[PDB]
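*Asks:* Single-letter residue listing:
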Amino acid sequence: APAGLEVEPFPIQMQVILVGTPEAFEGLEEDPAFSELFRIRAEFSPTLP
Amino acid sequence: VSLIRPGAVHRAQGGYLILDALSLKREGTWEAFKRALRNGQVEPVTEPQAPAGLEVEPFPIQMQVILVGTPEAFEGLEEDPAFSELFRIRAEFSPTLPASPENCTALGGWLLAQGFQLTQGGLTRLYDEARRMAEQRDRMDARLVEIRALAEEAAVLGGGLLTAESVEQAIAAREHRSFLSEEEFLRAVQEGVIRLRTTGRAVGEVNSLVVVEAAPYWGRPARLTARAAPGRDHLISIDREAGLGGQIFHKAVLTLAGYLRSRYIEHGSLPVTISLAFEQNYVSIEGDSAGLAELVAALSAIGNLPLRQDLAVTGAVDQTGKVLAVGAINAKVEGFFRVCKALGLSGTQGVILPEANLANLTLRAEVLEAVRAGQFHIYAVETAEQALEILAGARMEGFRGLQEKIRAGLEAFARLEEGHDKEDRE
Amino acid sequence: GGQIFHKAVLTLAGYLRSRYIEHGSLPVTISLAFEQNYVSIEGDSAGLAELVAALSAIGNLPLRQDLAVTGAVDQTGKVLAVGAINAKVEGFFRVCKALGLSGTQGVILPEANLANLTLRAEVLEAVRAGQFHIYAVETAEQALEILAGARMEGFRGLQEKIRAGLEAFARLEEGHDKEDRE
Amino acid sequence: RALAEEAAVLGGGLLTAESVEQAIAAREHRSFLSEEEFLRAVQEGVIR
Amino acid sequence: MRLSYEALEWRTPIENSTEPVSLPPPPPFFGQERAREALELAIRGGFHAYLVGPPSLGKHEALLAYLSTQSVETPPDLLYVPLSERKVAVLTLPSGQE
Amino acid sequence: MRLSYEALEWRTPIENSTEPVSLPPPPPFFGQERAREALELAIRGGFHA
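Protein chains in written order, with the numbering used here: chain A, 1 to 49; chain B, 1 to 426; chain C, 1 to 182; chain D, 1 to 48; chain E, 1 to 98; chain F, 1 to 49.
Hints in this document: simulated from the structure, not taken from any laboratory.
Some clues are possibly wrong.
To be verified - Within a straight-line C-alpha distance of at most 25 Å, the following computed SDA-like cross-link-like pairs (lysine to any residue) qualify:
(1) B:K25 <-> A:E43
(2) B:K251 <-> B:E355
(3) B:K341 <-> B:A373
(4) B:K322 <-> D:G13
(5) B:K422 <-> C:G103
(6) C:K178 <-> B:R425
(7) B:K341 <-> B:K251
Said to hold, decoys possible - So, partial list: chain F residues that the calculated Cβ filter (under 8 Å) puts toward chain A:
(8) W10
(9) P27
(10) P28
(11) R34
(12) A35
(13) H48
We put the CB at the ideal spot given by N, CA and C, even for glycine.
I would like the entire structure built from these sequences, with the hints used as guidance.
*Replies:* See the structure below:
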């Protein structure tokens, strides 16, 4: 479409909370930017006392 | 002419264009950009399916281009001789800064400029934590983004003011959030699933300290074993020969073999084959830097010396016996101290690490307070002989010393092999 | 990978070579094979079954078939933990019951796995009735002496019997070398 | 030519001997980081 | 040898933690003299240059803070001027003339 | 050594199986205090976790 509006980018004011298996985050954790953006790691212990 | 949208070049005339070499190679635009810099001119991108376009005269370039990126990202560009031909000036950001009170004041000023409110104690604690993160006492980490993030976390926990106690809370929370793997390890050790001798003597068993690479940075002990058999001089490192590792002569294996052979010459054929292995896995091995733990375990196995399981052993060893520095010493020592604490401190446990790592030792305050209490003794050694003497408790001198018992063990293996060779000739 | 070293093979070889130094040039080659396949091998940990079977083959030891054995072992002889002890013990108990229990069927499992034993109600009831037995061992010596039914030292000591078997292999190789003179 | 340029900037309009020395020293010093780390490690005793 | 506490105690002694401290902001690239001198050389001479360093060093932040403090001669205005509907040349003018 | 039934008995001793239980719902992430505290930190500070 050559009729694209010059849409102003929508500002982001939210907390992004990724969810996934430890395997899934291994690919993303490689990136030096990922550790810079997401730096609070909430781990779910697979067992409870 | 009115549809020409200015790009990066069309806004930096007489100024500075700040680029990211990582992007330049990720978008493959480095070739075109380098050609443009060569020409000193550039044209906007022309769509090849629009013959009724504009033959725009190339836009002149009069600007300082200042590339930004990591040292790793620039080798992809340093192959081109034009790259060093264009950018003659390389500014290398030192990963560490001199840890001096002037730099502490500078750090405080920088944090205040970031908008944080910090007490003097909080600044001191952040400066100490930065030094620890750099893992040297006299060089504070220059990664000011990480320091800023840590200060953010401390402010959130402190209500807005970076009091010292808030900074210790933030550091403890940082450790605690990624502590799950170590929680499982300690819980297993308590439950007996992973039995690590933290008391008493054992022959050939040592408590090495390893950094798991099946996980992020976390030092933990791994019980390393070495067994001696009478036979060839071949030295098998099981963790380094679990597959496609026996066809490669690893530098660690050759280093251990060289030290062992050249240290004892009365049976210089090395009548003993040494099998080195790790109890269980989660063990990650360098495979290129022989560990002091392996050497002391092999010597104890050869000489049948009961090594103390109280004291962990870490360090990279050279064939002369000169113990070298190892990366991430703090993590290893903290991990062993945690494992000792979970099993309860008997007041005798400790760590044997190279003297070279003395300037890398920045231990967590719990370990320091344990040390001052005479409950956890950090032993620093220079050469493998000192570490072996500390483990065995005895010296290299006198009747029935460590050297004498190692000689006796090698002699016993030599005579056993001679008797075996007698069987091969009869 | 018929030309690639394995952690299990190196582990067992190290243990065997170290434990019998009066024949350090280990005179006997041992073949470890699983009767029937459907056997999925870890390939990264040498099972206590492999070690005790090798020892019985060396020493001509009649091992008890009543008891199963499981567990990984280091190159020192320390019986380590293995995953899913429950499934293995339940499987052996079912196989025993289908053939009819006799009160002597049992399992040899490492004491490390004691914090994992969550056996079913039927197995626990069989234990309480003394129909199925769980023996927890820590070092390969204990498992070997349990299976063989005799102690390592003394009359018909298992260590002495293994030494006798290795000496028999050594004298056989010497007799073969007698033909190598020609 | 590049080194002469660097010397000229440090002198401002002239390639004096001092300017050439300063330019060469700066050439060494800008890529001196690895050796700086090496010497710091040697002094601190990390590498003996 | 058995390390004593004093040779192991590295934490800077905390004196006061009850009062806030006000400090002047440090100059950009503080304790980073190599980068400062290299950038001064690359700026006075107008040479192309490149910064290297481990990630999360705040290279962008510190670099932009330092560059904004720099004063540069007033750049000329450069603009595309169409001599036809097919030919568009580049025109340079004194500052503020476009 | 032959483990006794008492040592291997791990089932919780069942007292009553005749009356319904009335218990309040547990706090979210029960027994997951690591994840709970990490999310507390991520929420109060508004970081990306």
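*Asks:* Against each hint, give a clear statement of whether it holds in the structure.
*Replies:* Evaluated hints:
1. Between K25 of chain B and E43 of chain A the CA atoms are separated by roughly 35 Å; this puts the pair beyond 25 Å, and the hint is violated.
2. Pair hint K251 of chain B plus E355 of chain B holds up; C-alpha atoms about 22 Å apart against a cutoff of 25 Å.
3. Distance check on the hinted pair: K341 of chain B and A373 of chain B sit about 14 Å apart at the alpha-carbon level, within 25 Å; holds.
4. Between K322 of chain B and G13 of chain D, the direct Cα distance comes to roughly 54 Å. Violation of the 25 Å bound is thereby established for this hinted pair.
5. Only pairs whose Cα atoms come within 25 Å are accepted, and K422 of chain B paired with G103 of chain C is rejected, the gap being roughly 51 Å.
6. Among the hinted pairs, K178 of chain C with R425 of chain B is consistent with the structure: their alpha-carbon atoms are about 8 Å apart, no more than 25 Å.
7. Under the criterion of a C-alpha separation no larger than 25 Å, the hint pairing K341 of chain B with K251 of chain B is inconsistent with the structure, at around 35 Å.
8. A least Cβ separation of about 15 Å between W10 of chain F and chain A goes past the 8 Å threshold, and the interface hint is therefore violated.
9. At a threshold of 8 Å, the smallest CB-CB gap from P27 of chain F to chain A is about 12 Å, leaving the interface hint violated.
10. A least Cβ separation of about 12 Å between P28 of chain F and chain A goes past the 8 Å threshold, and the interface hint is therefore violated.
11. A least Cβ separation of about 6 Å between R34 of chain F and chain A falls short of the 8 Å threshold, and the interface hint therefore holds.
12. Using the Cβ-Cβ criterion of 8 Å, the hint placing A35 of chain F at the interface with chain A is satisfied: the shortest such distance is roughly 4 Å.
13. The interface hint given for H48 of chain F holds, since its Cβ lies 5 Å from the closest Cβ of chain A, which is under the 8 Å cut-off.
Comparing the model with each earlier hint shows violations of hints 1, 4, 5, 7, 8, 9, 10; every other hint is respected.
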